[PDB]
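Take a look at this single chain in structure tokens; it is the form solved without L-homoserine.
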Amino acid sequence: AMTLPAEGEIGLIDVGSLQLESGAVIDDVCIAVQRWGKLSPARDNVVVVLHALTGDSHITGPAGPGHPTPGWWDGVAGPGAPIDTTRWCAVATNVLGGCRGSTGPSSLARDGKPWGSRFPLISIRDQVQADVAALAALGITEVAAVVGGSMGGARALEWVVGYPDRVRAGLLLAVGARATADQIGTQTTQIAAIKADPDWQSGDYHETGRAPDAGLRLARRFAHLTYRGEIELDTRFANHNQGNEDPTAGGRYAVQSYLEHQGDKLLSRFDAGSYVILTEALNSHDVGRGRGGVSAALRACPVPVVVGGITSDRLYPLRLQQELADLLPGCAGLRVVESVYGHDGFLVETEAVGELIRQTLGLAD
């Protein structure tokens, strides 16, 4: 019954208490939402856009006051765009556990203090439950489609599997049916780097004026390597030095300066507690849990879907998307995005990803 925010603006949707997969109960949850395009009278034209690990609800448009980053899928929603806002209403949330409007470790609880270590562990399924509740509070009980890559693709997968009667189509991009050992390996070690930072303070650094900046930077540097293509990295930087710096005398290599810059950029806009909470959700991703395993769960989902994967992806290798396309009966076949940019192709390959979105919405109309 709540009203959508004005186009482009952030709305804060109270969804109340949620029972979580761990057994924990979290009260007074708030989900930030942005939308583009008008809602149809039947409220049946919503396209939910699901952001990745460090993304937010700002899917398109420039950076500015209230938006540290530009649209992470800039141009995806608009007149004549892949999500054509003359027909569709693009809606994006800030995920549960995030730090740009939705309830997370850095958010203030009802006592005026950050949740901090009081914030419970959440799953991808918990994130979907919270988004579904936020849409329901807005009078939206069915969506035309859900689209997302990376962690967004995991949210989309659990949405189509968990609510097959309430979504007409999905795009699953650069994701797998469950977390893999390699993903869990790098992800748990990323968390360990943050927790080993002496300023982590058991997750309750928020009020102390100290923060685990060194740990968060290291986590992001290792993560960024998993997001890139091996060949393109060497084509861009090789073993060259940064500018006129001398690595044998305290200077940096070019790829090293680049990685340091990636760490600095994240620190300026993202919370370490959110990084930990959301990476834990990645670790527990498993569409098969409680549903008889991965094959049984996918084979029983009748939702039409487009599945896309990136050739050079080193974090979510193409074999994971081939499995999704082979097992989901609503998938006509894997769509292969050839890209040199690795996992990050799901953000950079604007033309190819735009076409996957258009194909997805074709299955929902």
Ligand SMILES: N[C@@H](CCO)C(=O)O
The other form holds:
There are 2 protein chains.
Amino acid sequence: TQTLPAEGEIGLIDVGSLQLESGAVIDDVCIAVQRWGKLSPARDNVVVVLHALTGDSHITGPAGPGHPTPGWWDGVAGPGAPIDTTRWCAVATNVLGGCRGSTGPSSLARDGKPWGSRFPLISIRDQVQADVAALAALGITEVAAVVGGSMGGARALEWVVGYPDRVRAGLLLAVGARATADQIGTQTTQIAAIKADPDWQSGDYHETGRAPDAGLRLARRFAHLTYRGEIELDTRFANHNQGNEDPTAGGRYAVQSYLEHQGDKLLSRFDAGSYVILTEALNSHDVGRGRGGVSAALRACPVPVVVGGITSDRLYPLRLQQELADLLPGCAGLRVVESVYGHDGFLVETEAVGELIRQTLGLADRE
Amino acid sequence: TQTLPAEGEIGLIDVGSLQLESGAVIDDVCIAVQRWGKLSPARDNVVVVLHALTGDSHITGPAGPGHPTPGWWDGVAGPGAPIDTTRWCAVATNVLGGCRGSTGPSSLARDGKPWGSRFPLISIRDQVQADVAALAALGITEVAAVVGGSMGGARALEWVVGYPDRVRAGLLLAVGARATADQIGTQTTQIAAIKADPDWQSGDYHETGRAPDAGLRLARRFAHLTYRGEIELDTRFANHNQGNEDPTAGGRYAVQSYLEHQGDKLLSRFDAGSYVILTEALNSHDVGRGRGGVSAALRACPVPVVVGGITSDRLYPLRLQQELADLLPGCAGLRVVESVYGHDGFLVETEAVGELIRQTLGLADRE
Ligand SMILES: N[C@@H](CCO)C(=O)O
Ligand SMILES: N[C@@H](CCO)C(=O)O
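Can you give me the structure for the form solved in complex with L-homoserine, which would complement the form solved without L-homoserine we have just seen?
In what comes next, the whole complex appears, and the chain from above leads the way.
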């Protein structure tokens, strides 16, 4: 009924009313979409690439109009790429709750004011329901494969587990069956830092001329450290000063200065309200809720999957991927991606991760 | 010339004018002190116990008047204990910059107003001058052993390296030769959260009936996570809710609630200004500064030392202890403490760490 945008261009997909897991019903849902490669005549070659916490639909490509920075996974989709677009059609949504096209706290409700504090808490499962609805509105009812890391891997997991009849294979990268105590710990506190900012104004700051920037920068600095590998950070920055500043007289250390920059980079492209809603959705992640626990749910999922984890990951430790490999019968065994870059390793080790993308897409073609 | 307090009792030791590494001078410095076990006639059996970031002079004993909670290393010193007070004199200060007896931002400056924003930045090396000044004020000019973990291990490494002829052995536990990028990263951001609180008031909140409690609570919650082990936390809390609260309708998870209490516990006994000043001193930690670098400094230190590190420590990883073991000729080899409790492991694994305390005092006997 509706059509994929032209390659590279964004389209907004009207999915209508959506009933969340909470029972609430959200009106006028809109999901931003982008694609690379041609949609095959059977519409059976879609590879959904699922972004992480602050990502959007712009997975690959250079900076341009409407896109201040290159794709967050630059190079993963294209001619000859791991997601080879001469044979596959890489589709990437902007997740429900986001702030780059899709319906989120920053978006305008049917009363003309921004959703703000009225946006309901949503789950990873809601986010997967929204994407499936959107692919439906475009006439795509089965996907060849899902690929994702971090939150995107959580989306991938809930996709393959909840819709096994409508996905042929999955690649789950640096993710676990549920939220860990440590993740919830850092993540709930990140939310607290934003909410403690006085300009938070209960989440209804949009269009007031004040925003919770101090809190959002705090959240991003602490979060960024979880994404890194301890040694690599020490090797890059150590206890060196930033340029010619002296910390003993109020200047900054190099790693400190860097973290500040990471926060400014986020402020110029991201909305505090979405940071809260999506982190809440991370906290609630649990593939076993309502289906007998993690083991029961995974043991029942027959979808073939490739599971990869990073050796140096401090936020989603390898043990969590081993658990997924252990429990999912469609998984041949854990694939260990060797990397010094911690959680961000799955975006950095392009060759090692490419192999997993190829094996994952190979499995979608066997069926 | 001044008196050792009674066993258990706090005493306040006037050390007078103290000149910091910056050249600045603080007048009327006071170091709170406590001791357990009897001081020998030669005054040669002192075992200095150095507390970590939030610690005080109350290393052992139960809660009582002036001590709302038992000592931070309850049990480490006593008859037959690792620090055997029938033979050793266990002395513990409150570090310069603290808020439990010694001169810190919360202390009253000579003008009758709190030091506050006027308290100067200090180093681990400064903290050691003040401790050495206090013991001198008591007629103690040489210690037998220095024992510490975390910030107290940096106080013990700067003591063994800077006062090499006035200490006979050292126990360096869960510490490194300098601050790591990761440590500086989390720690500067913790300071940033305190300073972003509106009630911080440039550090001069002390007599204004409002204080930066939200920021100090944010700092402690993030810090607390670094002291824990990822697995034990997940085993303890998982993604369980707190009691009967529903996070999907505004409730808290069990770990989230736990972290909230950790912050409440700190507020009722600790000063935000000291948190800031003391974290600065942590960032400035660098045993090689002014001595030609870490290797040069350690290679030149002949003091017998024991070095222990915790396998699961996420704030001061085992690699940092291996470096100390590698470089100090007085170290026979890294002693690895097996523990699932992360950084807090050195206070928990009482037999394993106590075993090492005995080894250190054993070395002080030999010498
Ligand atoms: N892309 C998300 C997750 C990164 O691992 C973010 O930047 O926060
Ligand atoms: N918990 C200690 C740090 C080392 O565990 C303190 O803050 O005093």
